[PDB]
Structures are given as structure tokens and as C-alpha cells.
Amino acid sequence: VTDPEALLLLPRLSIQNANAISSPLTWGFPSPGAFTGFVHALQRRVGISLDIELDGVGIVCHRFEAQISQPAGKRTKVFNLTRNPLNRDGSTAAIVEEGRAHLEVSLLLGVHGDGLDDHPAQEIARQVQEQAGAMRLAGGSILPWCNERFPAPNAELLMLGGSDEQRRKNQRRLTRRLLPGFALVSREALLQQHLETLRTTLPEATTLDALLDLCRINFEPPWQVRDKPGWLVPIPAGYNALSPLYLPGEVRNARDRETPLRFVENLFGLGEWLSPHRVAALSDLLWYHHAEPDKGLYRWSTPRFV
Amino acid sequence: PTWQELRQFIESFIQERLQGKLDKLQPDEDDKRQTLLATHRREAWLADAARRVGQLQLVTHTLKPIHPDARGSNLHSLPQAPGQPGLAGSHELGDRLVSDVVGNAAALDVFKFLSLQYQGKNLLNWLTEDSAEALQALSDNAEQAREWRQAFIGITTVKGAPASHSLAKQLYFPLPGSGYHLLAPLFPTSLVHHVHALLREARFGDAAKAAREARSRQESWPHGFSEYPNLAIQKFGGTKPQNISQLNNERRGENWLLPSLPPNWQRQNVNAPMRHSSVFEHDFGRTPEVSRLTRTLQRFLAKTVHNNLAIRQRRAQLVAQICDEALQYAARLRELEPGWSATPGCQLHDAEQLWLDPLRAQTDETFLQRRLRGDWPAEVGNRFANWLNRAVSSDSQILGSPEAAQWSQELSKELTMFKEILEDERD
Amino acid sequence: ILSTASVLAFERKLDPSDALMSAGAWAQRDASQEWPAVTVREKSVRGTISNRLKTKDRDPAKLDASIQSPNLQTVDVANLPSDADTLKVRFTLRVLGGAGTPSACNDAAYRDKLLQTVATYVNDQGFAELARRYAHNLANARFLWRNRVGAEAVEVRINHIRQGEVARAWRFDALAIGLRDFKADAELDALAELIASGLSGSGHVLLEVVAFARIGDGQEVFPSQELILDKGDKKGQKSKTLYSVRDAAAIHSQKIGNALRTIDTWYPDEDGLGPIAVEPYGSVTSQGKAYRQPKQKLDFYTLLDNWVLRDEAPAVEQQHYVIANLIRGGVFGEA
Amino acid sequence: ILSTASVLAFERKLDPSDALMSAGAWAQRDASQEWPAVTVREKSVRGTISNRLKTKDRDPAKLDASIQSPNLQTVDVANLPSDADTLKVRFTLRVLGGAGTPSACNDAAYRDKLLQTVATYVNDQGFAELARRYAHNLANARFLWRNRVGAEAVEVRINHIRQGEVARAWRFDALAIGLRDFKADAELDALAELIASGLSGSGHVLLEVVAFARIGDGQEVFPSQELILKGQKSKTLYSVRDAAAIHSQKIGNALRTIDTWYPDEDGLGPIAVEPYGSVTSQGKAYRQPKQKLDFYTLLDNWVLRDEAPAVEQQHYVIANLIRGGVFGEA
Amino acid sequence: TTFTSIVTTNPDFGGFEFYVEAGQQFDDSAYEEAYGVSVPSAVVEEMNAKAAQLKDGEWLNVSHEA
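Heads up: the protein sequence lines correspond to chains B, A, I, H and J, in order. Residue numbering for the first sequence is 3 to 224, 239 to 322, as defined by PDB author numbering. Using PDB author numbering, read the second sequence as starting at 8 and increasing by one per residue. Using PDB author numbering, read the third sequence as starting at 24 and increasing by one per residue. Residue numbering for the fourth sequence is 24 to 252, 258 to 358, as defined by PDB author numbering. Using PDB author numbering, read the fifth sequence as starting at 18 and increasing by one per residue.
Next up, chain B with everything else stripped away, as it sits in the complex:
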């Protein structure tokens, strides 16, 4: 929402069992809500001590390996599970299917505040890396890079540049540093205009049909595949209200009795895995929160993408 004064780069973090189930309709890379909740956890744990405000994540995903397996004779896939403990009686517990995946992402945390001036850049970069080393990103532990070739350090890029050329130089230097991955942005205006063209073709078509049409490899007869611009994916773009907002000590069995609970439901927007130098400014492509809590509509996106 606001512009970051600096752009921190947490380097390639190895996540071993992330959540492959991003949403009820999407499997694969975990939801960007996990990464925005991670940067809010980082702000809640060391952001208040350094007098900075870590907002926004650029999700890069150098490596992804889902713990899946294609069954024999089926085109679809199934998830490799774990073995839960037995019950108190000795029988096998009722299995619940949780998708696990191995990640390697690097995060662009947009850091703005009055703590960039108090501390050096390398100190606050090192302290948020040490705080991220004892955390988890989507349910999966962050592997801490022991006894390898060399440890990947951080770089807090002060985005306030003296010139346009030095700014473009350090943006290119950072893009070369997070290069083999694929930045994730939220392209929802493309989904809405594809819904507009779909409704032009056939009326009363809703945007779930436009989302599914942007998802699949659909064929057209003269046979030619309808082309897709980029790697468009369905992503859960936040939540939506189902119940009115309850009081803190009102709902039963909540997490805490001091925070208002509201029953919610996902909102599957459209995302687009694009390469990091297709953006020409890394102060875009960061994932912020947008709540508007009177209406529901607790959503996350990349504002200022285009």
C-alpha cells in the first residue's frame, strides 16, 4: 500500500514441508497469504525492536518439488502422506490428506521506517535473517544452510537512490541475484477483462468460468491450442465473509478470547508466475494485505503491479 524506503532480500530459504494445498480448488505452490503472514510474523518478532516495518513479500521460488505421485493408469496425481500415530486403542487413525512440498524461495521484504537510519543496513538484514532462521513459511521449516559451499547473505537495498541510473543499476544487481526463479504477482485485471470478453461471447458467464478458462489448455477446431500469455495460475486471493463479525469472547473454541472471529471462505483470483526482469522495478511485485473488515473481503494482492 505504501512505498518501501528499502527493499530487503532474504536469500534462498529452503523449506522442507510446505503446504501444497493452497486452497480448496488449487494445489501446488502455497498461498501468498503464507508469505504475507510470514513477513507480519517477522515484523511482530523483530520489526518492533529495530523500529522498522517489514511489509510486502516478493515470492521468487527458485525450486519447487511437490511430494506427489501419479497413480498407474491415471492422468491425475495423488499426495504422498505421512503416518500419523495410532489411537488409544491401537488402530490406525483416520487419515487426513495434507499435501507437502519442498520449496526454495527468496523474499523481497519491503522495509520502511525510522530504523534504517538508526542501525546499519547489514545489521537489520542479518537480524531478520536470524529471526527467519527459527521460523516457518507455510507450515514447513526453514532449512538453515549448514556446512555447504558458502552461506547466502542478505542485501538491504536502500531504494532511495541518488540517481535514476544508480537505482536501475542496483535493481539489475538484485534481479541478477534472484534470477533462476519466477516472481509471483496478482493479475486480476486480466481475469476481469477476460471475463468481459467471455461475457461478450456468451452471456451470464461468471468469473470462475474465466478463471478456469485461463487455467486449462483448451483446444479449438479449425486443431490448435488457444494460446496463453505467460504462466497464469489460480491462486487464493484472500478471504470473504460468511458470518457477521463476532465479539472476542463470543465464539466457542477460538484461538484467543481477545480477537474477533469471522467465518470465512476463499477468493480464488488469478496469479502469474513471471520472470524477475519483466517488471523493470522490484518495488512492485510485493504482496500486501487489504482488509476492509466491515465488508469481509480480507484479501492480499500485489498492488502497483501495472
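Derived by calculation from the structure, the hints in this document are not laboratory data. Backbone N, C-alpha and C define an ideal beta-carbon position, used for all residues, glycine too. Wrong hints could be hidden among the right ones.
List of simulated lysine-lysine pairs, PhoX-like, C-alpha gap at most 25 Å [to be verified]:
| # | chain 1 | residue 1 | chain 2 | residue 2 |
| --- | --- | --- | --- | --- |
| 1 | A | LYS420 | A | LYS310 |
| 2 | B | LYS171 | A | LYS420 |
| 3 | B | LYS76 | I | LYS261 |
| 4 | A | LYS28 | A | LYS39 |
| 5 | I | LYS257 | H | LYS263 |
| 6 | I | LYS85 | I | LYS258 |
Here are a few chain I residues that sit away from chain H, every Cβ distance over 10 Å (derived from the structure) [to be verified]:
| # | residue |
| --- | --- |
| 7 | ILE90 |
| 8 | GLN277 |
| 9 | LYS312 |
| 10 | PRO317 |
Given chain B, put chains A, I, H and J in place with the hints provided.
Chains A, I, H and J only, in chain B's frame:
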């Protein structure tokens, strides 16, 4: 719209239930027909059915797919539409709600009774709008009719205080000012059933199987078809998917998740050229994706002008994706493998000098690093332009027209940005 | 009245990674950074049937016709190469810290009571009995699960990875240290104080646990096996899938954690098993039997409720079990 | 009442490796560490019809029409080179020990009774009859399955591998030691004592079994064959890393051909130790459960109700426990 | 095909489980209508003997594991 036809329709449903019970009774003695015709025939069937409603619940967002030892709250609530454009889910269903049932499966006759389609709509939807046709048929006294109507309407209400079990999910959300909201999400099962119906119609439907066979005939069909690759199946009940919900009997588990995958979700291993034949076959090292991308550029030859505008924007996008995949191939080859400085030979295409960035500088300090920083090897783009001239054919309908000018200008600006990205490998 | 918090959840302390297994030769274990990874490859197996016939298939005709239609499987195997007799199993371990602070708790009164209880434990008897046993399951290579049963010599090397480098390096003989005796050893005590200072402070202590098992040339090593329901049709069915991280066999993270948690020798049943895993209603998956039943007053929930709510402090062994269940993590709470 | 456990998982003792095969010349078998491996290569074959017709294909018109269009295939063959006549099949055998202890069991009483039963077996008579037969199946090269049937002279070298070096090296003539008679030698009894000490848990036994089979110049050798998913690829051969190999369970099945106690005639000789003791080639299941001599009724009579069988049948039962398996009902 | 049974005092009405009321009888028609599978006729008398032998306020949970 009159109460007499609704009355006789309800009596016909009750009598069909009793006739099915008597036909599947296999009785000859014990006089159970008297008790069955006293209970399951009269308007006391409405009485014990209205007693049975509190065992059921019409739901749209169940909890039980989240870990099935969870006794929380299940909601039949449709969200309001976001004013923000783009994103949507489960509020698009206006007249296509499938409307799951949770609760005691022994009381499913109440839901089958409220789901009869008597005039033009459900009996339940007749009971929500209090009319003359409603609340006159299901009794002769309006007091117990009002009581049974209030019972039947309660099939879509939350029973008890709102709750979410310790095994359920509930997630803090940072508000703009301060504070959080707990946000316990519920599994949208009517939306999952709708997307599951769309996916089953597009995969196993007859109108898609016909076009799929017409593709194998190589003939012409009116409509096309979809494919939906990389779907993952998630079943909710382990061995008993009956114990989750109503529609989880129809889709036996089987959530059918769409793929949200990054493009490097298939690990490609790295290979550097060793010998002269390896340097002739591995100078390019062309992945399946760039061949899939150049085959699309090969299908972008012919054009009419109003289509050639979008075709030129698509050709610019494809050359951008090819150049960017070349940049990522150079990136992962220069970073992952030390094989560019593994062995010496006679032919390794040493004019490239881009896929061996740390290989010739971090070991040789003044030998090749002084031949890469002052020379700044960026002549790889001129050799890379030969690949994209091989991607296009010899079509003279564009070579003797202004399409070659637009092609050359987009190629020049794209090799310009490829050159300035390739220029500063030294920093 | 201080009723039980309806939501309890503890974050997993002692969080290991996948145990990547790579192969090579003994007497160059000190140069083991370029050892090639043990790859998971397929092989085909024919079997004649051997399951117990259910007294209706004991006809000679049906059995003879069933040994002429054999089952044709495709199993995954992980073998050492023909010129390698040593298995380097290498994983990382974060000993996180904050072992009594729950990850989710409803009641602030229950939360403060539980934190006062765990602080009473840590002040009276800190993590020195638990961490000795975690250091033993690191020291003897119990995390080498079936790769230990006939190894010639197992040697475990543990490095306290500091900021970027090895701060303190251990080297154990994992066959001299048994699988059922938690004795006291000086280097094991130093590792126990390191895991103690990891479990007490707010920062994580990172170890690198490398174990070498001299199995033999070309022999089979045993990585973890993936739980795949719906294998598919029986034609191309792969009946056994071994876990591989990236063309490299590995034991799962929860399997290494299950071998590290095998410290519980305090259960009321006799110790024919010796130590079992720290579980609530402490249950052994291989035995198919849940010890520490709720019928006796010795499971984790009743010991925790008597310790926190009504101040009945259990025995020192049972509160070792309770705090080891807190370090293990979990999801608890009533409706 | 001591019913049988619902899981009984026995580990595989006598754990072999994939039998790699190389190639070289005889009389330099002693310097056979650098011999080139027998690579599996492809070749096309052309088959005519030779199967039994099903009384409707006996019309000469369709017979000649199907002969006129014969089936092409692409088999995998592994032959010795044209200058080599000896096949060096080299595997390692690790003898584990702890034969009667199951890896998984529900009942503690049944597990204890099984441990007492195997323990009173071992105390009454060690693993001396079993290890003599395992040592014979190592000495006579039955693990050379079809590479033995026409070999001129087979020689098996078995080395006890200690720390990294050879503790005691054997050298047998695999054709003098027959395929069906279990005689007694001095070196075979020393190998039997070594495998006995391996199975009793009183030592670590890692043998490296090398077997040279003088087949002939350029002849065909037979590794194990994979299952198959114009160029129909009718035979896919096993290969570990560009080197033909025999499967580990094939070598284990050849080592377990010690069972000469099956109730039928002993004209066939030893068969493989299996419950419902069966040979998949001959298609006949000896020790059918009608007769009281399969593994399951013998174990359930020896452990549950203490009807101890004869010495031969309990040798067979402990040979099945050394083999390992998935026993126990549902 | 394995029709288990458990007497529950409080039922789990959040899922689609089959609970028989204490003062009622098993209904094979309702089980064949709710779930797709039909009850075999040898399970019915066992479920009747369990459903009749029920204290007031004790539900009979009937489920198959096919």
C-alpha cells in the same frame, strides 16, 4: 399456487414413502402395517419429520473436510459480492447451488421432503416466503402449521452457539490500523461441487468426448474441448467418505484440485558441453519449453492486419519469453554447475563466455577475468539472433512487406534489452 | 476454576531435516563432501504367493493355479554402488527454544499457569535428563533405522554449526552407545548441555548430524517409503516407493524425529521394548499397541491436567515425559 | 489361549547384493578386478508363429497369411565379448543374525513364545544344518542361474571381508560340488561355521562371492529380466549402471534352495524354502496345506500348541524365518 | 462390507453419519437411500438387537468401511 394441490402433493409423497416401505417390507404377519399406516401415512409424519429437522442441516460451507473430529459450526451463508474486480468464488452461484446436507443420514427423508419441486420451486423455498400456499397445506390448524414451518425453516440455520474446533483452521489477519481477525475458513462444498461438475463435464462429458474423438479423426467440429492437466485428487474421508457430507458421497472424496504450480516445478538437471560434438549439440541446450515456444512462433506466419496487431503483440511476447528463458538457462547453468570449468579441450564454444562467469574469474584472477571485464562479452546475442531467424521460415509474404520491418524492430529492441542485461555481468 | 484451554498447540521443537544418504568408502570419511548420492531406482520382482489362506483357498487346484499367475511388482531399491561400503546419512537439526510456551492457547489463566508450571520444572530440573536422551539418540544412530541392524561400525559426527562454521565437533561410536542404555559420557554431556541451551534460550541451536554406516559393497540401504493410497491399476503399479529428495535417497523428517524422540522408558508397562517414542497415549506403531493408556493415570493429558489445573505434580519421570511431549509438540484441547 | 498375531513381519536374513557380471578370459581370473562389464545391448529378432493354435486358426489361408506378416521385436541380449570366455558374477552377501525375532508383532505373549521356540531350537541344535546348505548353495554356483547349465568349468571364490580386508578366502569348484547332494568338505564346513556364527549373532559376516563361469567365446550370458510396460521390446534385461546384473532376490532364491524335506519324492532335489513350498517354473506347490507340512501349520503347531515337528521340518520352519516374510492373518 | 457399530451418547451431527434414535428401530431403506450401498440381511438383526437394547438418550452409529 393453491394450497389444495400442495396438500395433495405432500400426501402423495408421504403415500409414496409408505408404499415403498410396504413393498420392501416382505411382510406376511405381525400386523406391522397398522403401525406403519398410523405413523408414516397421516399428518403425524409431518410431526416426527419436524422433530427430525434438528438432526439435519442444509449447509454451503462445512467444517468436516478440515480434520473430521471437529464439532464446530457449518454455515448455509452465501457471501456478498466483492466490489473489487477480478477475484471471486462461491457467491457466483445464484441458481446453481447444490446445497449440501450434514447431519443424521437417518433423517434424509426430511430433506427429500423439503426438496420436492411441486410448482416451480422447492417446498422449502415455498416455506421461506410465507404465503397462502405455504402454512395452509401442512396442517388444518395454523398453530402447529406455524410450528412445523418454523421447524422446516430451521434446516438452514446454525444450531447452537458459533464455534470452530481446535482441529479447525483459524488465521489472524492484520487489519490496516491495528489488531487482527481470527478468520476461521470453512470448506466451500457447494462451490467445490460446482467446479467438480464443470470438470467432470469437461473431462468425461459426452460433448467433450465427441470433440476429443473428432480431434483423432482430424475433422472439423463446432466446439472445442479442454484438457485440465496436473490435477491432484484429495479425498477427505479416509476409508469412509460417507461420514463427511451429503455431496461427499457423490464425489467420493475427490476434491480435484487445480494446479497452481511455478514454471520450474519440473527439475531440469544441468549439463555443460565437454567435447567438440558436445559443443556442437550443447551450445544451445534447448529445453522442451523453448521448443514449445518456438513452435508457437512457427505458427505465427500468416496474418490479416486487424489480426496482425494482436499477432505482433503476441510475437513480441513470445520473443520476450524466449529471451527470458535463455537468461534463466544461462543463470542456472552459470550458478549450479562448475562443469563449464571441468575439463579442457579444443572445441567448447569459447566465444560464448557467458555460461562460465564464476568459472574463469574466481579461480583465474588475472588470466580470463581481465579478458571478460574489459572485453565485456555481449556478442552472444548476435549468435542468439540466428536461433530466432531459424524460428521463422522463408515466407516472402512478410519479407516483401512491412511485417519484416515490425519483426526487425521488435527483435532489435529485444536484443537491445538482452544486450544491456548481458552487459553488466561484471558487477 | 481454571478449566482446560479448549485450544492447545505446541510448536515442534527439535526440528530435523531430511536425512540425505550418499555413498562412498570407509577410511575416507574425513573427505566426505563429494560423495555421490544413493539414487532410488526401480527393479522388477516376481513372487509366488505366501499369504495365509483363509481355510477356503486350501484347495490344491486353486493354489496350484495361483502359483502359475504370480504377482508382478515394480519395487524401488536404494543400493550402495559396487565400489562403496559406507553410507553417509546427513541431516540438520534445529533445537528451537521456548519449550513450554504454546503456539496456541485460549485461556490466559491456563497459559500463565502452564508457563509457571514449565518454569518450575526448568528451574528445578532443567532439560538435562531429556537432552541427555536426545543426545543419545543423536549419538547412537537410531535415526539410521534399518541401516543399523547389520552395520560393521557406525560412526556419528555432530557439528555445532554457528553463524557460518563449526563451533564444536563431536565424533561418536554409535555401536558402543547402545539403543537402550542412557549412560553418562563426557562428550555426550557436552552435547546434552548444548541441546539444553538450545531448548532454554530464545534462539535455535543448529547441529549437523552425519552418520557413517559401514554396510558393505553394493548392499541395500533403506530410505523411508512414501505412503501412497491409490497406487492405481495393477498393470503398471509401483508397489513400493522410496523417498528421494532430488535424485538422492532420504529418510523423512518425521522418521528422524521419531528416532530422536525415542527417549520414553518411563511408561508403566515393562521395558521389553526399552525406550519408545514420546507420544500422548504413548503408542508404538510397530507393536500396534498403545501404552500409557487413559485407563491408568499415566497418559500425557491427565498428567498435564493434574500438573497444571489441580497442582498434583507427578513423579519426576512422568514430568520428564510431559515436558518431552511439549518439546515434541502437538494439537490438544476439548470441544 | 495364545492366538496368532495379526502382524508378523520377519526381516530378511542373508541379505545379498545385485550380482554384477563382468567378462574376461580364464587363466587370468586372478587379476579380475578391472574386467569390462557385460553391457546389455539391443538387437532385432524375427519370429514366425510357433504357438498352439486354438482350432480356429488352423485354416491354412489365415495360417499362411499370418506367416507372411511376421512380428518384429527388439530383445535385449547380453553377450560376452568375442575375446572373453568367462563370466565374473560378483555379489556381496551379508549374513545378519537374530533369526527368530520379528520386526513387528502385535502380541507380546506370542512374540515371547516364538522367541522361546526359536531359542530352544538353537540350543537343541545350532544353525549348523542350515548354514551347511547355505554354504553349499554359495559353493555350487546355483546363483549363476542359467549361466551355469552349459559352463565348462565354474569356480566360486568366497572371501570373508572383515574391516576392509579379507579375513579368510575360499576357492571352490562349483561343478564338483553337485546341485542336489549336500556332502561334507573341510572348507565347506569352515564356511558353514562362518555362516552359523553369522546367523547366531556371534559375529558380523560379510562374504564377497565371486563366481567365474567358463562359458565360451562370445556366448550369451543371462542377467535377470525386467517386466515390460514392431519395436515391441519383448525382453528387457536388468542393468544397474551400464552393466548387466542378476536381481538380489534371484540370488536369494538360489541360496534358499536348501529344502529337501518336502513330503513328495526327492528325485527333484532341493527346492526353494517358501511357505506352501513352491517352484514357479514347475508350477507345482509342494507342502500343500492339506498335508500338515506347510510353513504355517508347522509354525502354528510348534508355537501355539507345542506339537513340535520333526527335525527336518523345524529346519524348514527356521529356514523360512531366516528367509523372512509377511506372516500373520487379518 | 464391514458394518461396524458404536453406541454414542452425544452424536456427531456435523457430518453425514447414520445415527439410530434410542427409541426407534434400524431402517434398511434409509441406509440404502442415504448411502449407495444396501445393508445385507444378516447385519440387520444384529443392528436391531443393538438398537432395541438402548438406554434413553443413546444413539446407535452405524457405518460401513467399504
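Beyond 10 Å from chain H, beta-carbon-wise, is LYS312/I? Not fine: 7 Å to the nearest Cβ puts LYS312/I too close to chain H.
Sort out whether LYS420/A lies within 25 Å of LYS171/B, counting only the CA atoms. holds (19 Å)
Agreement of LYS76/B and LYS261/I with the hint, judged by alpha carbon distance not exceeding 25 Å: holds (13 Å)
Quickly compare the C-alpha distance for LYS420/A and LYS310/A to 25 Å and report which way the hint goes. holds (22 Å)
Against the 25 Å threshold, does the CA-CA distance of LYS28/A and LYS39/A hold or violate the hint? holds (11 Å)
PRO317/I: least C-beta distance to chain H exceeds 10 Å? holds (20 Å)
CA of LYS85/I to CA of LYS258/I, is that 25 Å or under? It holds: about 22 Å lies between the C-alpha atoms, which stays within 25 Å.
If we take the beta carbon of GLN277/I, is the closest beta carbon in chain H still more than 10 Å away? Non-interface label stands for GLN277/I: nearest chain H Cβ at 18 Å, farther than 10 Å.
Beyond 10 Å from chain H, beta-carbon-wise, is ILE90/I? Label violated. Min Cβ-Cβ 5 Å, cutoff 10 Å.
Satisfaction of hint between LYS263/H and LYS257/I, Cα-Cα up to 25 Å: Cα-Cα ~20 Å, so holds.
The structure fails hints 7, 9 (numbered hints given earlier, in ascending order).
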